[PDB]
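Engineer: What follows is the residue order along each chain.
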Amino acid sequence: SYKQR
Amino acid sequence: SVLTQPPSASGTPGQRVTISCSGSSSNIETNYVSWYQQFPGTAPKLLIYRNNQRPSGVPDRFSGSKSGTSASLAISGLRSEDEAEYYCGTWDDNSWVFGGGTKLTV
Amino acid sequence: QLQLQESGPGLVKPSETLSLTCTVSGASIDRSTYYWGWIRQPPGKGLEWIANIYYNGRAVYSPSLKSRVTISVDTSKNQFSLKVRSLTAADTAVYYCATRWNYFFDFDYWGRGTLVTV
Amino acid sequence: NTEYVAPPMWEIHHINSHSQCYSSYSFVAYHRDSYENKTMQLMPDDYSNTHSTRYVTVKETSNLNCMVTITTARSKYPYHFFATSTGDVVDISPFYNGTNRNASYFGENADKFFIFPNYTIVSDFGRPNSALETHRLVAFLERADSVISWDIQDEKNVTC
Ligand SMILES: *[C@@H]1O[C@H](CO)[C@@H](O[C@@H]2O[C@H](CO)[C@@H](O)[C@H](O)[C@H]2NC(C)=O)[C@H](O)[C@H]1NC(C)=O
Ligand SMILES: *[C@@H]1O[C@H](CO)[C@@H](O[C@@H]2O[C@H](CO)[C@@H](O)[C@H](O)[C@H]2NC(C)=O)[C@H](O)[C@H]1NC(C)=O
Ligand SMILES: *[C@@H]1O[C@H](CO)[C@@H](O[C@@H]2O[C@H](CO)[C@@H](O)[C@H](O)[C@H]2NC(C)=O)[C@H](O)[C@H]1NC(C)=O
Ligand SMILES: *[C@@H]1O[C@H](CO)[C@@H](O)[C@H](O)[C@H]1NC(C)=O
Ligand SMILES: *[C@@H]1O[C@H](CO)[C@@H](O)[C@H](O)[C@H]1NC(C)=O
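Residue numbers (the authors' numbering), protein chains in the order written: chain C, 689 to 693; chain E, 2 to 9, 11 to 27, 27A to 27B, 28 to 106; chain D, 1 to 35, 35A to 35B, 36 to 82, 82A to 82C, 83 to 100, 100A to 100B, 101 to 111; chain B, 165 to 190, 198 to 230, 244 to 344.
To be clear, the hints were calculated from the coordinates, so they are not data collected in a lab. Possibly wrong hints are sitting among the right ones.
Unchecked claim - Here are the computed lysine to any residue pairs in the SDA-like style, where the Cα-Cα straight-line distance is at most 25 Å:
{"hint": "1", "chain 1": "B", "residue 1": "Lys260", "chain 2": "B", "residue 2": "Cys344"}
{"hint": "2", "chain 1": "C", "residue 1": "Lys691", "chain 2": "B", "residue 2": "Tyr303"}
{"hint": "3", "chain 1": "C", "residue 1": "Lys691", "chain 2": "B", "residue 2": "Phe290"}
{"hint": "4", "chain 1": "B", "residue 1": "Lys296", "chain 2": "D", "residue 2": "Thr33"}
{"hint": "5", "chain 1": "D", "residue 1": "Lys64", "chain 2": "E", "residue 2": "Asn27B"}
{"hint": "6", "chain 1": "D", "residue 1": "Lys81", "chain 2": "E", "residue 2": "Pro15"}
{"hint": "7", "chain 1": "B", "residue 1": "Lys296", "chain 2": "B", "residue 2": "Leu248"}
Produce the entire structure from the sequences given, and follow the hints as far as they go.
Structural biologist: Take a look at the structure:
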């Protein structure tokens, strides 16, 4: 989620 | 951008029935054409999603083709339960345009 | 296991607008759903696509009904509603709540439409 | 400072068809010499991990590289998500084609998921010329920093 945010 | 679908069609059991939709050459030409089946008194149902491929559970007797700006639905081995209203459907630049509606008669 | 239902009024008059609501069960309106929409059908006539609505609030209307039609969505209640203004005798029809669920299918799931008589 | 960007879909198609990557990712960030639209080949690169088979291009400025990693992913019954080796947890059923969404899960962003039937993919990215291979269904998903792909197979034919 951190990466794709 | 109506598709000028014929009002109704006729056929006999064991025969092949062809239903034609004429496109505007700007919506049917490229945007995928789908065929829907609606029994009277109830909501319609998807019959042929893409121009060629067939959804799960639909009998092989149904077939679809798209030549130029014309779309053809072919039914082989006509049956009693096949009587329903067949609709064309396509996209016209963020606008969904259904067909006129063909009432199949046996 | 998508399920769509409608809870609109059964009788309407031209003096007031028509408000229809479609409720979704077995799923939820989210970023994983493509779009929903309203498709009307006069008795014995062909289907008419009114408008489509997405999860982020974007709405694309039909040019013939763009002025008199508005649509909104409430994700908290997993519902979306349509409002039609300046009703006429030709608006007596069965309104269906359709949507796109599968990737290829396109218009796949059709909620049980409600009859509205003007 | 280095950043990651997902290749535009047309670039993904060009890489799949020819193993050639275009520079100048779109605003623009030219790799070098400020020119663009050059079909650069992908080199086999150097081994990094036992699973990854990375194929790279490069091998107050801005350097642009173009990687195509063939990783391994895993999923557990009832196959409602799959995780690659380098993180990348995806909430899409690995056997979800574009019809069985009521018999398989799909929870990712619906506006970034694409399935192409009968897709053509180069057999080997490293080789500049390869024999194109056709696949029944190939699914693409666009993320913030990368685009994932995975051939779609029937559930009851690869799982027991
Ligand atoms: C590099 O060349 C490619 C291939 O011609 C260009 O890709 C086109 O990009 C435009 C803009 O998004 C799309 O409308 C076209 O469809 C793409 N081409 C194809 C064949 O699909 C790309 O723009 C070029 N890159 C540059 C000039 O920086
Ligand atoms: C997508 O997957 C579904 C199953 O999840 C496939 O549906 C099966 O197709 C076969 C092929 O003839 C039928 O015999 C089965 O009855 C179908 N259903 C099931 C539950 O197995 C479907 O064909 C796949 N592909 C596409 C393009 O829709
Ligand atoms: C993808 O490839 C398959 C396999 O060739 C195609 O399926 C055939 O299509 C032809 C032409 O329409 C039919 O005559 C055959 O009966 C189909 N089946 C087989 C087993 O050959 C398919 O049409 C291609 N395209 C898509 C969109 O699926
Ligand atoms: C999914 O849809 C198919 C359509 O043929 C139906 O037979 C099946 O029961 C459905 N499954 C679920 C879990 O809703
Ligand atoms: C199932 O898998 C086998 C082995 O990978 C393959 O040969 C076959 O075509 C697949 N499909 C079916 C329907 O058996």
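Engineer: Under the constraints set out in the numbered hints, which ones does this structure not fulfil?
Structural biologist: 2 and 6
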